[PDB]
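First, one chain by itself: the form deposited in one PDB entry, in structure tokens.
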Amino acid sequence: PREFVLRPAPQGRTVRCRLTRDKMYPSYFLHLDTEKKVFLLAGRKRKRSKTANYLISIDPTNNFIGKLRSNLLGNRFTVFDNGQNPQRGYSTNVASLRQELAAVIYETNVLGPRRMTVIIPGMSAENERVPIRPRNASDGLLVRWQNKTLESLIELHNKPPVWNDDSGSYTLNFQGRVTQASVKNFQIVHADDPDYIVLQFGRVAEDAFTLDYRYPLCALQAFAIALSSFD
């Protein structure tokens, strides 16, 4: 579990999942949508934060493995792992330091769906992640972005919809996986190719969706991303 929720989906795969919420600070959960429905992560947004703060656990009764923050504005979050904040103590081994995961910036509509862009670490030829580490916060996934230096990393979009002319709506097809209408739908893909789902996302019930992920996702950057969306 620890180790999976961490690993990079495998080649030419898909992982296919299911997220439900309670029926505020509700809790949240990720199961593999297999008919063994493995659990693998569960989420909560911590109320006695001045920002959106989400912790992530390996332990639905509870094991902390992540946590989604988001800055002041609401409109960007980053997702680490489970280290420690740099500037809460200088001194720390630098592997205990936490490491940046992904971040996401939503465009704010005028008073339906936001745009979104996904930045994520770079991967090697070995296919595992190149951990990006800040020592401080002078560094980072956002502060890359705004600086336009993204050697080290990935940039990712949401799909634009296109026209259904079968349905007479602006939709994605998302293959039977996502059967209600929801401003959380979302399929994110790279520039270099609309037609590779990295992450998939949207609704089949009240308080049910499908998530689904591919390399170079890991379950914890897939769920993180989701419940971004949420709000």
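Whichever C-alpha set is largest while still superposing within 1.5 Å between the two forms counts as the rigid core. Numbering follows the first chain given and starts at 1. Compared with the form deposited in another entry:
- The comparison between the two forms, aligned on the rigid core, picks out a single residue among 167, 175, 34, 180 whose CA moves by 2 Å or more, and that residue is 167.
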The other form holds:
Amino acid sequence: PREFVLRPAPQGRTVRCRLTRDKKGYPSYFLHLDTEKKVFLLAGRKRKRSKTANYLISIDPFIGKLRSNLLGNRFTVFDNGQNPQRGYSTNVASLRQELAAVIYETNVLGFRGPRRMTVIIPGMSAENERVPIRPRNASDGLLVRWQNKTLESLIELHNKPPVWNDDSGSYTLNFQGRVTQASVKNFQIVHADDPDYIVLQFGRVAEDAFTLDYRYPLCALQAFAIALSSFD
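Switch from the form deposited in one PDB entry to the form deposited in another entry and give that structure.
No partners, no molecules, just the chain.
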């Protein structure tokens, strides 16, 4: 379970998942595989006493964290490690890794939704594993590298804008059956160099259910945390 949720998806496959929100009575979110045994993967929920959004992610309904800025438009996904700012003598191997960053900006072009999203993730090795990014302090990290435009050995991804349908008068994307309700928060994330390889897809299927389907190089923790950053 712990190993599965951190492993990049096998090459050539799509890992298809159901994400459920529980708003009864902050809301709880759950990820399960979208089979008919529906194995539990991940739970997430916002911490109560927190100044900005902080979701704690676990494999019991503690494996990572999603942290927001105050403006609610720049996110980092961490693993379970320690924050270097809390003590400089902390063992380097125990410091938290940055698994993803997510940047939301308002669109300058019309006809592709209110928001653009950029996803920065670590690069991959020859053995198809992540090359970890494990900052020793403030001055480095995925969002900092994005801001300084130093994305050298990182992977950058964006939301796919919808395409004018040729005879039928729509800006659309083919979600391959994984959307049941139209929603401004449905999305496909792609690499700019291949618009047809859908690295992450998030689709609404009911009031509190969504599809979440991921491919290499993402793992479930990264996929889940990126989907969570899309909620208000």
